[PDB]
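Single chain ahead, written as structure tokens, the form solved without the partner chain.
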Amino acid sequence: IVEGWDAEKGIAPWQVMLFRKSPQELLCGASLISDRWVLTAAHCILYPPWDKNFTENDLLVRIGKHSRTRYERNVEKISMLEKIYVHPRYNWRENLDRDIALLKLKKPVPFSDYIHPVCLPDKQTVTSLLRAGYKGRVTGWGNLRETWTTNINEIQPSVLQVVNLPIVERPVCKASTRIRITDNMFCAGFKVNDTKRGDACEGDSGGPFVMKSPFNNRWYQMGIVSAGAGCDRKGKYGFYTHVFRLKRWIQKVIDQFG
């Protein structure tokens, strides 16, 4: 996360760390939508070009974390995966369309002051909040800046980062990139100027883009970080998987259990 700030303890209790078993390494971000289900991006699980083709056993998730490295005893929980469901229409060879995946935990994770699910949107929430100019929040453990511009230990945050970003006008972002932005995604970011522009980076992929409802006081995940324009990636705006548009698929998978 670029141009963001340190997260207050429990600010994003639904933030999840998608970890690799061996070698042990933070892989992506993700979010808790219930005590047994987790949302993250498909390209985080499957993307051959960056040699990524994981399975249930290859990785695990850490919940309730704050520190990027230090083990936070009596706060974080580790969980094995029971199954991974990446959208059947996700095609890593074309673009990021439908860049989404559901992860089922082997054991329900107990809730605490630092572990709590975020809400999934409804049509009502989308029409009132998902509009250009409205700001949303992104959290993660991705790099703080472009690689090679200083020692690595200085670009990898010690604590969870947060940054607020404005939803961008669809026509405006379609014109900023040669990449296709389908109706299953939306863009967010500051205008081409605003000097120190906040954004999400590769290590933030899979993380949640949340918004707080001024109507019922709850936090809703409107998007999943698919392609942030921060750090090393070319581009002006970040791409997010439009969570609502994929709600039916989420339900189908969960109803049947994949």
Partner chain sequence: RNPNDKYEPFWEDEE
Second form
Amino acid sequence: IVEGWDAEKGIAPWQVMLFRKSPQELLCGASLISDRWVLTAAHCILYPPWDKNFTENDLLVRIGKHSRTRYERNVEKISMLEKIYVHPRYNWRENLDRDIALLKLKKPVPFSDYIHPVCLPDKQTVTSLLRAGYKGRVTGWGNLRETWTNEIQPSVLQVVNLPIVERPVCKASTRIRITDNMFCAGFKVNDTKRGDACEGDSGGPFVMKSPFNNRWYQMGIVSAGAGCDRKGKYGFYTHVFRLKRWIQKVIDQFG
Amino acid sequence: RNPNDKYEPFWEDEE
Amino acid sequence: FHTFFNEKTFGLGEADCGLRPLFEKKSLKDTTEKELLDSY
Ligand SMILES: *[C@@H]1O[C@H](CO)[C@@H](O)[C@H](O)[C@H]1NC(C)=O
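Could you present the same protein in the form solved in complex with the partner chain, rather than the form solved without the partner chain shown above?
Below, the chain from earlier opens the complete complex, with every other chain and molecule after it.
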């Protein structure tokens, strides 16, 4: 995350770390939606151009974490993955349309002060909170700044608040063909505040707290942060609700 | 060991 | 809150989804949710 700050313990109990079994390596962020299911980005699992095609066996998730590298005994939980489901329409060749994937946990994970699920959104939640200007929150252990110039890897989880941005404005900020399945967020050029998600924050959650019920909802999945080395105007996120149906089709049907 | 492990080992307290 | 999934295919959690143990449940606030609220 660029231009964010140290997360408070338990500020985002649904934050998950997608971890490569060997070489042990942090791959992406992810979110806990129930004690058996985790959401992350499809490109965090599959990307043919770089030889990436992970199976449930090569990966692992770490839950309830704060420190990026320490073993948080008695606090974090490690879980194996039973299966990985990448949206069958995931577009990696061109624009990441449908950049989402579902991971079923080998066993249910216990909730605690540090492990608690985030709500998915419904029609009402979308149309009332997903609007230009409204700020959402992104969390991650991605890099602190572009590479090659301090220290770039955080030692603890990071948070940053970002404002959604008008679609037409998102579309005109890139040659990439944007779709209804995604949305962008971030401050403007002349804007005083920067703050963005970087590459290692991919797959993580974009969440908004309802003013109604006080419940947090995950509106998007970091699909293409615009920070650090990537630099583009705004960051792009997979539109969770827009994919809510595929999420049931997968769940109701496989676990 | 240790500086050879970018991440502290995390299997204790397991299964 | 009002569910949407079947507990036996989705596991536990939905019903109480979205409420943080160390913040909401304790009537406590994190250092910056005001910023988010203010923008709504
Ligand atoms: C890797 O994914 C490719 C491209 O999506 C698919 O054809 C293949 O079945 C996957 N790897 C194997 C052999 O399991």
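If you superpose the two forms and keep the largest set of C-alpha atoms that fall within 1.5 Å, you have the rigid core. Positions refer to the first chain, counted from 1.
Student: Please name the single residue among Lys196, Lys191, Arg70, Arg218 whose Cα shifts by at least 2 Å between these two forms after core superposition.
Tutor: Flagged residue: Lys196.
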